[PDB]
Structures are given as structure tokens and as C-alpha cells.
Amino acid sequence: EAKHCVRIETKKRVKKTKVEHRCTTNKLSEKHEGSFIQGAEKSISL
Amino acid sequence: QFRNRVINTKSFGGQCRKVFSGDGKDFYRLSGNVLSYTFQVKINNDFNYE
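Protein chains in written order, with PDB author numbering: chain B, 395 to 408, 412 to 443; chain C, 150 to 199.
Careful: at least some of the hints might be erroneous.
[As the list claims (entries may be wrong)] Taking beta-carbon pairs under 8 angstroms as the criterion, some of the chain C residues facing chain B (in silico): (1) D172; (2) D175; (3) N193; (4) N194; (5) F196; (6) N197; (7) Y198.
[Claimed, not checked] Restricting the straight-line Cα-Cα distance to at most 20 angstroms, the calculated cross-link-like pairs of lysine to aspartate or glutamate (EDC-like) are: (8) B:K439 / C:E199; (9) C:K191 / C:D172; (10) B:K439 / C:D195; (11) B:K424 / B:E403; (12) C:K159 / C:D175; (13) B:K428 / B:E403.
FYI, nobody ran anything at the bench for these hints, they're computed from the structure. Where a beta carbon is used, it is the ideal one built from N, C-alpha and C, also for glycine.
The following block holds chain C by itself, in its conformation from the complex:
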């Protein structure tokens, strides 16, 4: 199970670290700490009918 909030992932550190998500097509502000946050999609489909 995922448990409760441990890291402050919205600590911006005074930076204006915009990222454009091509997926959501919107500008988002990353926290100062996060090493990367990226939006490339992967879609991984198993059908198995018998």
C-alpha cells in the first residue's frame, strides 16, 4: 500500500522551473528538488482470449 505524505514535493525553492507537458499540453511548475519529471507515455497491452 501507498502510505502518507513523506516528502514535500511542492517545495519550489524560489525557482520558476516551468515544464511543458506535451501529453497534457500544459505548463507545470516542478519543485526545485525533483531530479526529473517527464511525460513520455508508454502503453502496454496484453490480450489473451481462450
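So here's chain B without its partners, still in its complex pose:
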């Protein structure tokens, strides 16, 4: 996960002002599951 939020404000006067926000978020989840069962039988009878 990431949050990356930035904010800037500005004003100038003898009048102009800006207040501004931009921020972007990422999420990831990988999930893994695995199974392997192997087997062998021999039976030799006399």
C-alpha cells in the first residue's frame, strides 16, 4: 500500500490565490495457495 498526498496553497496581493490538492493511492494483494500430494504403493505377495 501507498498513500502519497501533497498540498500547496498560494496567494498574492497588491489579488490571486490558489489552493490545490493532488494525491494518488495504490493497493496490491497477491494471494498464493498450493498443494501437491504424491504417493505410491507396491505389494508383491507369493
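Chain B is fixed; fit chain C onto it per the hints.
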């Protein structure tokens, strides 16, 4: 393949050649010719599971 009848395996030759089969538990009459006929069992099992 097994093919057709070649030997007369019931030629008794005038003999009363009884044999007791312990397996079948019964008296059988052998032919006069047969060198031996016997009934001991062998059982021979391969299992192989994978």
C-alpha cells in the same frame, strides 16, 4: 493361441490311477501316460498403485 486337441489325455490304459486332489478335495483318475499331475497351488500377486 491354444489350438485344437492333439493328445488323448484321457487314455487310461486299463489302470485305476486315482489321485486325490487336496485342492478340489476329490478323487480324479489320471491317464496312464501322464508323467505327473499335481495340485499344489501358487498365488502370485503384484499390486502397484501410483
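Hints and how they fare:
no.: 1; hint: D172; in the structure: violated (17 angstroms)
no.: 2; hint: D175; in the structure: violated (26 angstroms)
no.: 3; hint: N193; in the structure: holds (6 angstroms)
no.: 4; hint: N194; in the structure: holds (4 angstroms)
no.: 5; hint: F196; in the structure: holds (4 angstroms)
no.: 6; hint: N197; in the structure: holds (5 angstroms)
no.: 7; hint: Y198; in the structure: holds (4 angstroms)
no.: 8; hint: B:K439 / C:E199; in the structure: holds (9 angstroms)
no.: 9; hint: C:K191 / C:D172; in the structure: holds (11 angstroms)
no.: 10; hint: B:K439 / C:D195; in the structure: holds (7 angstroms)
no.: 11; hint: B:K424 / B:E403; in the structure: violated (28 angstroms)
no.: 12; hint: C:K159 / C:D175; in the structure: holds (17 angstroms)
no.: 13; hint: B:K428 / B:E403; in the structure: violated (41 angstroms)
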